[PDB]
Every structure is written in structure tokens, then in C-alpha cells.
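Colleague: What follows is the residue order along each chain.
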Amino acid sequence: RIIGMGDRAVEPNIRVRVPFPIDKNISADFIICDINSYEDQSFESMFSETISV
Amino acid sequence: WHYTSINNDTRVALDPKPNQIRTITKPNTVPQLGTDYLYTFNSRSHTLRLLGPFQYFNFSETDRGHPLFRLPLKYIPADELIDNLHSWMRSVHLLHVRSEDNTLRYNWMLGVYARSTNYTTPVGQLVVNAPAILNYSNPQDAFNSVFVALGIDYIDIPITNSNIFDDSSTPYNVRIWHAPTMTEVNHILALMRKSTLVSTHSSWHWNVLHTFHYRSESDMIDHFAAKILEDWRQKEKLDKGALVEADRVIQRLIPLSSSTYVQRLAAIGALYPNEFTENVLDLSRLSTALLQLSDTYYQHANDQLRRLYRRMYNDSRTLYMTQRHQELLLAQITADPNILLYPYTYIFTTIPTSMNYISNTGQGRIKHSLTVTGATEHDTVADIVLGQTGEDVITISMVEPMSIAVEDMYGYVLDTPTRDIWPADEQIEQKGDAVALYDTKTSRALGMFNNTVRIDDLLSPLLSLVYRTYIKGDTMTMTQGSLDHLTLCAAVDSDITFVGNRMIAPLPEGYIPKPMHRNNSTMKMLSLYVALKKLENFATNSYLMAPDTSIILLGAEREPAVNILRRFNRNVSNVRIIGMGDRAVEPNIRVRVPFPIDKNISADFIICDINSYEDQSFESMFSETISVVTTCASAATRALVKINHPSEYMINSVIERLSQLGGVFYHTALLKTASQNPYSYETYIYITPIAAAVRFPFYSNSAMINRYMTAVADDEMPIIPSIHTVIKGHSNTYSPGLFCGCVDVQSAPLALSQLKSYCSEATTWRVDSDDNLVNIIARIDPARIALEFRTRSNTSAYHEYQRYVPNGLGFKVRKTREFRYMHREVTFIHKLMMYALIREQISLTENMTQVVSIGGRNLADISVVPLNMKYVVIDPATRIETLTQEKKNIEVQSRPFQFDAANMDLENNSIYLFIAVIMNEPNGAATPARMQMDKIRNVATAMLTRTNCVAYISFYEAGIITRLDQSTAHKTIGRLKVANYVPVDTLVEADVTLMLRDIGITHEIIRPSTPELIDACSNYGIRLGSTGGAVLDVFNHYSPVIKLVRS
Amino acid sequence: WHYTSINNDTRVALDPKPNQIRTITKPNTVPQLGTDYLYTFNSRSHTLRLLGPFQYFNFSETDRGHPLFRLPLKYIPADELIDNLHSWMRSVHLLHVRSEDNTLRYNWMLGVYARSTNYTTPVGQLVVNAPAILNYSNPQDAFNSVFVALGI
Amino acid sequence: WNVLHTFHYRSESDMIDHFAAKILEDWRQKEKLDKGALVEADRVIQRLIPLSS
Amino acid sequence: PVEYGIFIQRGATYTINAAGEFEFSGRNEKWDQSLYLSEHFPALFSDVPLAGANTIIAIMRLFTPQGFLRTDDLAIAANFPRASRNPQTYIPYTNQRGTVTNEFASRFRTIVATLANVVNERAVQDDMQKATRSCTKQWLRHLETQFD
Amino acid sequence: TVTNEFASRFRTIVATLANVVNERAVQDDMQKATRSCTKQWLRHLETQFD
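Residue numbers (the entry's author numbering), protein chains in the order written: chain A, 583 to 635; chain B, 2 to 44, 47 to 78, 83 to 980, 985 to 1058; chain C, 2 to 44, 47 to 78, 83 to 159; chain D, 213 to 265; chain E, 545 to 692; chain F, 643 to 692.
Don't take each hint at face value.
Okay, derived cross-link-like pairs now, DSS-like style, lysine-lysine, Cα gap no bigger than 25 Å in a straight line [as the list claims (entries may be wrong)]:
#1 A:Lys606 with B:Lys988
#2 B:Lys735 with B:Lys894
#3 B:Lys822 with D:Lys244
#4 D:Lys242 with B:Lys448
#5 B:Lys374 with B:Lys822
#6 B:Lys479 with B:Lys521
#7 B:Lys77 with A:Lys606
#8 B:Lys819 with B:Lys374
#9 F:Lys681 with E:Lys674
#10 B:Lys448 with D:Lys234
#11 E:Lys681 with F:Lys681
#12 B:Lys521 with B:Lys531
#13 B:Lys877 with A:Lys606
#14 B:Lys819 with C:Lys27
#15 B:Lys531 with D:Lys244
#16 E:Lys681 with F:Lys674
#17 B:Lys895 with A:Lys606
#18 C:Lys27 with B:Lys822
#19 F:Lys674 with C:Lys27
#20 D:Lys234 with B:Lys531
#21 A:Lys606 with B:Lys894
#22 F:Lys674 with E:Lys674
#23 B:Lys438 with B:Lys374
#24 E:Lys574 with B:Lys77
#25 B:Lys374 with A:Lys606
#26 B:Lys438 with B:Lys448
#27 E:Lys574 with C:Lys27
#28 B:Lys244 with B:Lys234
Only some residues are given here: those of chain F computed to face chain C with a beta carbon under 8 Å [stated by the list, open to error]:
#29 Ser650
#30 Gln682
#31 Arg685
#32 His686
#33 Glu688
Simulated from the structure, these hints should not be mistaken for laboratory data. Where a beta carbon is used, it is the ideal one built from N, C-alpha and C, also for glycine.
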């Protein structure tokens, strides 16, 4: 099984906002994580996003 | 940021050298094309297009028709046009003078065009007498000489077409004016007013001004938009900072004397709308959707963004550069003095900034995962009605079909007896159970799941397409293997001849030997023959037998199952496959069972299936079923009989009618198989000539037998799923099913921000870019309804979904089929059967304070009964905040629950759930602690009206070791590999009850039964997994829910 | 026992959407058949039969003879009829109006038949002047309008 | 469509061959119904009714 | 007839939508002179390339005029009445003052060269005796050489 | 109707009936002038019907 999640994810891939909500039950053995959204915000808003991912 | 770029003439540096211009036209004779001229061919189409230095070249009408294109198009061979285009390119030259000076460049553009008209025009007649007039050392000075030596003010050249075969009329024609100084440019541009429809754009190539002249008004906007697209790309790389080369800085055309549509089109191009991320509906037809966006910026959106668009609509005569865009001209004007630019300019810093948007123009239906929380407050909304599905776009079928492997088509699960005595008091009690049950048939609600779906019905469409692969296609088959006999059976009506064990030889020359015709009762017993040879001995790889042994099939019928079984052993010597039946046609022998004395039946392996017939008293029913077994036990050595209604009386009386009769008694073991029709409650009794004396012959508890012993009479009725096509905001009461339809894209976000109250999964797609309809598919799930209609706060996240409209909900062509029943495995099905039991217990008791669950993903909140009752979850790992904050009345204490009996305070109305016990974290393996922690779990209980449920895993032997069907839930050595984790230690059941008979008080182990199977299968509308169905009924039993409900 | 069943119109849910009816007839130009139209051939026999949404469709006698079937039957190559049936299905359309409302369904049965007779009949001549008469949102109401506006 | 529509036959002989082609179909719809399953054939009874005949 | 029903399928006439390409009407109308000074065009001159019939469209790019818009100064330099924003005309010929073999006539040869090829395809279906098919191909030689 | 329908059906009759006539002028293999003069008659006969 090769599943993919994204903020700009189209069928077949599942569209969801990260951090994702409670429930849904994500589970795997190996996770590759690339998130970058988005430009412009205060380091305070920038720090909180990068650390939580 | 001020972007960097290099600005340099692209066309000027394309014109070849005068003394070398000889080669690049005629002496192209010696080489032969191939790579340069590009040609693609879609299939009535094509596009032959020769490029530099043969692009921007217009064709003489004499040399256009004669040499080539007209006839070669009329057909292409990739060998024709390569040899043929050469034949034309051979006979071409330009009137020229060979020079000595290295600082000279030949003038192509004007020179070639003059030859194309046979020099009839004076501008071409001038180049005849003195062809050295084309040799220029400096741009602009090339044209200047062709004006002073004529007295003419301007020369106009008709445009060149890159496509060689699109021989149609030109859209526009360019015009070159004589203009040397700067004060001259201002004269032509000012005189250019009051004159039809003309265009110029920012800078110029050769330092001479040249304007565009359009034929009809309609053929202006299509060219004006083809430029405006290009510019929007040049300012993309510039806005980020890179290296560009497009000489001019601004590609955008400037409308001088023009119509009215181009005013609305010019202003909407000179501001670079955010709409990139495009959305915009850019692809086609572009001159329409762009023209709609002009009206947009206008009346909305927005403040001074209207004021700016309305500051350029009324003006439409100056090009609007954007600060750093203007500086690139300032950086190059000082780099070289004496260069012409558009004089009237406006510089503006105010853009400014705003929202982001999102879209894609790709393929694929987009999946969604809606939540119950957001940043908007929803109060009293409409009812978002949707209608009409159609039959071509959305197809709905009630099935569903599955896809698996090859060997797992066959999968037997064996079961073993437990008791050694059949008491004289419970033998008449068991009798009363089977007698009272027989009269009122099995649940009607269970019925509409037996005769509805079928094994062969869903397993057989696949094996008939692995048959197709076979026609010409196959590899090594290798004899005996689960592939050999199967592709031999299902795939070919004729015989599969074997050449050197493994190869398939050859191909069906012209005869397609009609696909071996299958039937329902045949795949039924195709699954059991393998299991019989399997039960003989665990050693893999046989399927064919040591020759001169005869297997006899008893049935049923005048049909195959024997024709298939025979020709599998066609290759190996002399084997006899005989069949008997009450409805048996030649070749098969017709006879009534029990058969008469004489005839002398004899075999080594007997398969027995008899069922005739419906309606009769249990007294007539008992006598028939029992006598068939006795006329089978003496007929063979290794014989297996098929008994209906495995009720703990009927089944146990069978052993009671074989033991006493047979010397040395007999070894019995009933079994379930794959390819049995998911839940058919029919089991198969297996009979073998012991070894000595059996220790536990009879059946005490009887669990597989119990699966039949849980069905019941009429009551409510059929339930069933349907369609809806209407959504009400925070309004409960929706019968299980799914709703499909279609809504306007302008109200599509409003639809999604309401489906969250009913489901989680939703798919949406627009048929075509410019349609406006987005059909939605949503599945009603009760596991979500319990977490929505909790309180009253609707909230939702309307703001987020609204960022998709228009394009962003996906695009999809073709037909798509959504099933009525979906597909789901057994581990989340076994939990679905687990909760349907527990939901019954808690919605019956008197008073409760809270229902407290320990461990998990937050999921399994379903069975929080009622939806109002406090719901406490004690686990170390979970997402908190918003859900507990949005007064859905939840709380999660992130302490790793310490069940060491040191500090316990469950108390009065406390309902506890222990689905864990495996570990505090993901994996645990302490069985004395599983006994001791369960010992200190019930220890310290004086908390009045409290209750708690705990789960187990035990058995081992019957369900895996003698199983040989390691599908999903397999086991290793004493370890149980369910799903993942790391195989949990099995617990001794006998000790766990015995150790509980002194410390605690109440301990009831309730197994989830068939009512739980139907009810959970009805709401979610999920099929049973067939192969998983055979694991389901055995694995379901040995996970008892021990409920310690005491004071 | 009282049996359970789902009862729902099968033909009604076959008629395509008005703004999309464009594609499922002419713009079938870009793809090329293959699976839909079924054809078996026993051996002097055969049975070429195109299905939904081209079943229940009656042939105009002008476009029936000219494009295809009469000569191709007279022989089949599995490469002929695939390329050849395309040549006919290319040159077919139904007089229609592109709509904006999502709750509309195009009326196939009556509409296609009227075109098959060159609108010579008044029931077909009515759909010429105002082709928006075929756009119905509710069954029964589709035919009702083709009676009040005729007196038939 | 919720509007009544009747059949008109050419010759008498070409009536019984169509009337029997329906009556066969019905005998199948009441087979799955008699046992209990999931059908979709909208109308319940396929059998044709002879008015003037 | 095999691909005429593909041409007259898309429309006999068409209009031009506000800022964009053409719009063919699915109707099959006969042309009248009343439509000229109002709206529409004979679509047998609309030169959008078709996907099927490439023969009906091939004989139509054979009607293309050979001239140039010679805007005249000496009429307006003399100060004369002109109703349009700027004056314009369309003369139908060139000059070929120094060309060895006249150009205008050589274009006519291309018309006869391919138009005669179409005539043969009728004397294969009606398969006339060669003397009939020859006597018509011979006439186009005289007709063309007169034009020179 | 632009071109009358009833007459266009008649064209299909001539179109295939004339094809049958050719199969007799291959077995008796008449000089083309004979086979042409009968195929020419069906053109006049059909155009009158219009």
C-alpha cells in the first residue's frame, strides 16, 4: 500500500489539511513528510507550523 | 527586489552572413534534413513546420504548388517527405552579392519576400538591379536605404505562416515606417489615430517602428489575447528573479485606434490578476473566460482594484509598467543610447496584495475527509437539494465484487470436538432445541444475504479473465500446482496437454476452445477435493494422486464437477472418477440414495453431498440425514459427509449413530471452507478410521454449530439501504444508505459544509471545464452521527472548502460505477461485531454517570449510549483541544493508565471498556500480568453499581495449526498475528475462569453472534469478506467479552 | 414471507443531461468505440447491436443507407466496422438547447424520433422553432407540454 | 414516465409471439421474489394485459 | 454524398460570438439574399478546418482572391469625401512587369491541374470509354492556354 | 425538408439495383459502351422522380 496525503491532493489522493484532525487513524511503517505551506507569516506563525508538523 | 534580465534582439541575430548565405539555402543539397523540420501527425490532422533559418519565410505561389505540399498532404510515409522536402529545398536561392568584409549581415526578411513576388513591385525591382542593397552592417540602416532610394514613406509586408499546409487568408499585415530620430516616432504614432484598427507594442526589433494592421475586428481579439498570455509568463520569472532573454520587457500589445472589446481586454491584462494559481478556466477558449474576468475586477471585488481597472478602461493608451518592470528599460537605455521606446508611460506601485485561491486541470476524482469543527458559525441554513443522476455518468450497482489471488480461492478451516460424554438429560434437551428451531426457519433478514450474494457469483468473473490472458498468453504452469489444475479447469473446455512439466504449448491456432463452462455446485466441490488430498497429509505439491486409486463423488448430479476433476488426472495413468446422483444423467449413474443392496460400491475417498428435500417433518428429516452418513461410512475409508442444520442435537446424534456400530469407534472433525457462500451456516462432517481410541468424541459447547443456533423468527423486517437527494442542517433521523446528485459550483462549498453532519468520505468531480455541475457522492456512517448530534453547536469549516470554486473539485471524463455495499476486511468488521454487542448492554441499565473508554484512536466512541452521556477517554496518545473545547463533551487525560491496583477509584455509575490489555503502549507480552493485571483489575471493587468489559484471545490449535489458510489473521509459534503489532501471548481460558472464582463476583463472557453480524452489516452496508468470512466465524468465537459487573 | 424489492424507473434514468448531451452523440469523435457496441458472428448470420445511449434509437432512412450498414453487411473485418461505425456516429446530433440549471434532463425518446422524420410532422415541427421544449425537470411534464401546445 | 401508453399490433398472429416473450420474463421475476432477494425490475408484474383481443 | 452529410451536419450558416471564434448553427437552411445585409454567413466559406471532410474544404481554399488593399493618398490629398475612418479599395491584379512567364496565369494552371483530377473520379464510376474522358481533359488544355 | 425525403429513398433503390446489372455485363462482358448506356439511363430515370 502506497498512500499519499496533501493540502492540494486530488482523487485518487486524499485531500486533507495538516495538522489533520483527531480520528481517521493514520498508520504506516515508513513515513516521508514534505510540507511547506506557506509564504509570508511571522516567525511566530512560522515556528508553530513547522514544529507541529 | 528589482529583477535581473538580459535584453537582446532575437530575430536580428538569426539573419545569416552574406558570403555564407550561399550554403544555408541551396547547398543544403548535400546533407538531408531529419531533425530540424518538425512533423507530428494526430489521427485528419498533422503539422509540418520547418524552422530556422526557414521559419518567417513566405512561399512564392509558383514554387509552392509545383514542387510539393499540395499533393503529399492529399494522402504520410516518413520516407516520402524526407526525400520530397529535399527536392524543393534544392531549388531555392536568394539574389545576393558575395562580400569580403566580415562586419556585414545579409538582410533576410525583406530580401526573400521581394523574390517571392517575382520583383514585380518596385521594392523588389530595386533589389534586381543592385542586389548589394541588402548588405547591411547596422540594423535600421538596412531599411533606411530602401526608403531614400524610392521616395516612399512605408513598406508593408504580409505575414508569414509557420504551418505549410494551412493555405488560408492572413489575419493581419505588418507595416514598416521610415523613422530615424526620436521626434519622428511621436509624429507617426500621433498621426496613427483616426485610422481603422492598428497596434504597436512597447519596443521594436530593428530600430525602426512597425505597426500591425488587422483585417476584420473579430480577428483582433484572438491575436491580442495570444500576446497577453505570453507577458503573464515573462513577469512570472521576473517576479521571482531569474535569467530571461525575451527582448522588449513587456510583450503586452498596445491598442492605438481600436474597437471596444479590446479596451475591456487591455485593462484586464495590465494588472496581472492573482488568478495564477491559474484557476481562471484558462485552456479553452480563453478569449471568453478572460473576457468574463474583465467584467469581474470591474463591478467587484474589491476597492481601488475597480478604481484601477476603471482608470485603464477609460484611458487605454498608456502601458502600465510596475516600478521594477520600468527599471529594466532604464538599465538598458543607459547601456545603449539611440534606441526607440513607447513614449507614453505610467508607473504604479499600488497592486497590492490579497488571497491565494487553488485549482488543478488534471484527471482523477478527488476524495474528501470532512470534520466536525471549524472557524465559521452556521445557524439556520437552506436545504441544499440535488437531483437527477443519469445513467452514463454515475452507475449504481448492488453487489459488490471483490478481487483476490489464486490459491486463496480455496481455503479450508478445520474444527475439532471437545466433549467425551453425551448425557441422557441434555440429549432430550438438545432434541427440543432442534425440533423447535426447524419449524420456524432461519432469520428472513439473514435470508436476504444468503440468496442475494453468492461465492461463484463474485469469485467467477475473475477466473474467466485469467482465462483470457491464457488465449495466446501464459508462462511456466508447472504440473500439480494450484495454478495448473485451476487454469486447466476454469479456463479450457478441452485438455491442457503437458510438454516437459511447465510450458504451455501452443496457441489456439484458429479454434478458440470455448472457455470451460463453470457452474455453482462445481466450484463448491472444486474447493473440497483439494482439502481432502490436503487432509490426507500436510505435504505440499500433489493434487494428482499415486495412480490406480478411485475417488467417487456422491451428489448431485447430471452435471460437471466430475468432468473437470477427471481431466486434471488425464496425464497420470489410470484413475477412476465416478459420480452418483438422484438427478444424474448419462454418463453419470442415476440412482436413489440410500441405494439398494447389491451393486457393490467401493472407493478410497468419498465426497458426499445430498440435500433432497424441502418441507418434511424433522422426524422424516432426521431419518434421511442420519441414514446418508451410515451409507457413506461403510462405503469408504476416508469419507466426508455433508450435514445440514448442524444443531448440537442432530450433529451429536451422528457421532452417536457411528460410534456404537463401528468397532474401534471413529474419529470425527467438522470443517468450514472457502467458496461456501459467505455465511451459509452449512458445515461438513469428516470421518476417518481412527488410530486407537478417541479421548473427546462429542461436542460440548459447539461454537461453529452455534452460528446456526442463533437465528430467529419474524419481528420488524428487512431494513435495506436506499438513496436520498436532500440535506437538512443539524436535523436528525436519516435511514442508512447514501446520497448522490449534482449542485451548482457557486454553491458547492455550502453543500460540503453540511455533509459533515452525516459522513466522513465524499467524492466530487466536474464533467468538463465549462459545465458548472459538480456531482457529489456521500456515504452515511453511524460511527459519525453519534459525534455530531451531541449538542447544538453546528460550527463547521465553511471558509476552507469555499477556496476550491470554481475548478478545484477535480475533473473526470468517462463513466464511473459506485457500489451499494463497498468493501471492508475483518479486523474492523470484528470490532463492528464487538460493539453491536456492547451497545445493547449499556442502553438497558438504570442510571449511568459516564461511559469511560480506555485506550485507542478516539474511534469506537460509537456505542456511547446515549449520545448525551459523558464520555471519558483515558489514553496517553491522542489529539485534544478543539473537539473537547467545542463542547462535544469529551475529555482526554493523557496519563498512561496504571492498572497496578495501587490507586483505583472507578466508583458508582462507572462503565469501563478494556479492548486493550495487549499493552499500555502499541505492544505488550506479559501473560502472568495478563492474569495478574486481570487479577488486580477486578481486585479492589467496593464501588456499588459499577460495570466493566474486558476482551480476550485464546484457543490457538484448531484455527491455524490444522487450518492452512493464513489469510490476514495467521499465527506463529504460541503467538497470534492479528493485523500487525507483535504476536500476543495466548491465555489459558480454564485457569482465567478458575482464578476468578474467589476474588471477584460477576463475570459473563458473551460472544458476538449473528444478530450482531446482520445489524452491523446492515447499517454500514458492508459485504462479508468470503475468505475473511471463514476466518470471521471461528476467530469471532475465541475473543470473549468478559463483563465484570459487580459492587 | 413477503419479499423485498426496489422499484425504480430504468428508462427514465438513461436520458442524458441537456448541457452534456453534446458529448454522448457527436463528440464521441475523439474516443473510438470497441467495448460498448457488441457484435457476434455465427457461421450466413451476425448481430451488430449498439447499446446505451444508442439503443432505443430509430434510424433516419437517409442517414441509414448512405453512411454504412447496407454495404458492410453485404460481405466482416474486425477493423472495418470499428473504423466504419465511427464514420457514421461522427455525423449525428440532436436539436437541443444548452442549459444552466442542474435540475434538468434532456428528453431523448421523443426528441430523437422527431429528427428522424425531418420534422415534417407537426410534433417534430414544434421542436424546430423552440427546441427548449424538450428540457424537462419532472417526468410526465415532458409530454404534457407537447399536448397543450398542439391540441392533439 | 407517469403517462399511460398502449400497444398496437399489426396482424393477430404477431401478437402471441410478443405476449409470450413478456410472460416468460415475469415467470423469472417471481422466482427471485418467491425466495427473497434484491430485484430492480420496475413495475412488479411484467405480464401483459389483453384489453381488446 | 458519403461526407457531405458530415459537412452540412455542423451547419449551413454561422454567426460570430462577441470576441472569439465562430458559432455554427445546427440547422440546415437554404440561403437567401435577405440575410446578407443583416447577420450570418454562407458556412461553405467559413474556413475553420474540419475533422472529417478534407475534400470539401480543399476546393474552398481554391476561391481565395489575389489582390492588395491599396490605400489612396491622391484622392484624400486632393480633399475628397470619405465616409470611412480611412479610405480603402481592392484591385484584383498585380503587374509582372519583368517576370519571364506571367505569374497571374500560372496560378490558374494550378486550378486546372487539380480540378481535372476530380473529373477522372467520375469517369471511373461511370467508367466512360477513354475517348469520352480524353475529350474533356483536352478541353481544359484549350481553356487554360487561352487565359495565357 | 431541404431536399425531399421520399425521393431520396428512391436513390437507394437505383444505387444498389444498378450494382446488380454490372454482374451481368461481366459474364456477358459487353463492350463498356453497352454497360455505360444502361447505367446512364438510370440517371435520367431517377432525376425525373425528383
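Colleague: Any hints from earlier that this structure breaks? Give me their numbers in increasing order, please.
Modeller: Of the numbered hints given earlier, those the structure breaks are 3, 7, 10, 19, 20, 23, 24, 30, 31, 32 and 33, listed in rising order.
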